[PDB]
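The chain below stands alone and is given in structure tokens; this is the form deposited in one PDB entry.
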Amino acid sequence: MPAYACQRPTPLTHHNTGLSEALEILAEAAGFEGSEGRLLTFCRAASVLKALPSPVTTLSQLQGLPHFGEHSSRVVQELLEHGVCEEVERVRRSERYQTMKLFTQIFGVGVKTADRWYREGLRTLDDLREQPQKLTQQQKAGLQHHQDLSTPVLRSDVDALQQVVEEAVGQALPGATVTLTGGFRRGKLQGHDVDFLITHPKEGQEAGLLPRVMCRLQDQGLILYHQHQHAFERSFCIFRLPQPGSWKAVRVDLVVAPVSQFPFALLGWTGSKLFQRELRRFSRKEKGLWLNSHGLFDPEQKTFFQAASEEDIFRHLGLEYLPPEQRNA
């Protein structure tokens, strides 16, 4: 099995959900303690299990797989032998993990903020609301809509949001396109948000598109929050999704890319996070090129690769093309 997640297909549905879940809990906890290497190691190990053709029912199947150190093996062994791992259940039961999970999953809260808050004695969502001076407006919006934002976004939500986003961008700029990116492009049936990458075939026509799109969405009562970040023109939003009788808040990321950058932006925003990380490490270490969401830079030559498609980027990196549904690392 190749070393980099970008060299191997990782389908949406795989055979070792319980095992990788457990290693991802440890990665996540390692992340919560600012232990980046450990996170990456647990994350790489988890994606190895996702890439396996068969369910791992005996530890004998774990013998001789890459990035798969003694710690990850031990976790898998305990799960196979006793149906549970004590280190995993300890993390799962710990107030520290539970709280960090609680805080970091709130819109606009990363690890640093969550940790700070933890250290200052905050534990619950109601604690945060008793301290509104401590919250950005984004985080306040995240808290106001936390229940809805903890509700998985379904494919049918995505279709409805794509329609309104397409309407608003078509109305704002004819010819402008909307591409579903993120997990839903990779085949996921649920998600934490919907990611859209917006562009226009004529370079430069996308200029000031986002605010036009935003005004239109806003004018229809569809926007609960947005924050224009002007890096790509982007807005990480909360939409008011109408539903039969009800409505629900849904996280939407709108990203505008100029068409020359669109392939890179698509590749980057499609993920998975680990897949992209793996692809960027691969590009750096194995090919001496710096990949990001804007381009593929050669630092020796000081050049940028021109791509018309994601296929071009893969081809240029010496990798077999992986469609999005096989990037679920």
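Positions refer to the first chain, counted from 1. If you superpose the two forms and keep the largest set of C-alpha atoms that fall within 1.5 Å, you have the rigid core. Residues that one form lacks are left out of the comparison. What changes on going to the form deposited in another entry:
Taking the core as reference between the two forms, the lone member of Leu39, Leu266, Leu274, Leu62 whose Cα moves by 2 Å or more is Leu62. 57 to 64 stands as the sole run between the two forms where every Cα shifts by 2 Å or more, at least three residues long, with the core as reference frame.
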The other form holds:
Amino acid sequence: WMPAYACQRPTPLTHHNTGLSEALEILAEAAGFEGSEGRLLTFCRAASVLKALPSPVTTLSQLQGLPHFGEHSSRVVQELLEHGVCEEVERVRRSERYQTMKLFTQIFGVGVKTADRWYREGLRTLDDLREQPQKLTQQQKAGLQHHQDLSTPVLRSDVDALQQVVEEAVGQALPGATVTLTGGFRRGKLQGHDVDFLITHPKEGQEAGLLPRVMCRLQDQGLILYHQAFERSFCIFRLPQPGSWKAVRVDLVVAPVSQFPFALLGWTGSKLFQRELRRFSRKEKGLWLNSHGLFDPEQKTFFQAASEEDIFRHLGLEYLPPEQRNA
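If the structure you just shared is the form deposited in one PDB entry, then what does the corresponding form deposited in another entry look like?
Excluded here are partners and other molecules; the one chain stands alone.
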């Protein structure tokens, strides 16, 4: 009943196995901190299966036949069901490695490889990194300076304000250009760690060179605390607050209208959903999918899409609205 790919089943934002999925995603995260991408994927997939179930898992037998549940993930669920706690998961939670790798990788500009190297050098805290800025990039200096604000969840109320100011700058950079909210908020999330916008123009070609014009105007308005021709911009915005302001991460992306459906789909996520979707496309349909298009390698042609619905149809998948892509 439960299909093997996450793109084949609706996954709502809230579900009936929150505790179980959160435990497996701890192990997925820890696997990533050790470079085990395969293990991370299995744990992520197993967690997502539980998100797609219609009711709580209460007995171990209810895992039989579910894809991506083998000896390891089943044993985690078993201990949680019997004792409300999984020893392996708790061991990871309190490990010095896990805590520090999580703290470091959540810095903007710091990846697993950088965090791992710093950990091997004996570094453990944010103040450790501040004491030696000689080893920090300009991006990492920005992420570290703003780390506190960036750890504060972005609210849906904040998003509307940002979209307004982005549209204002986009409108002056290219009259007629549109701004579309993507990312987790388009999937219905009420909070997020950043805001994701997709920019296009209904006249193919007019979007060329647009993002530098948008960025220059945003900076001149004093709204850019940090930014790097280009089509993706990873910014830190100055977001007004009552009597003050806070730093917020904002991603801006431009696509020509011909590619807009593919870019909307990819940037709406979830991350797991897109990986599963591209995996499904290649392995089950022999088609190559990315945020630019869908390629048939046999005929050497690109599928034209006018909508996300078109893309699901060309992949033989039932359509899923953004709110059901929370894999």
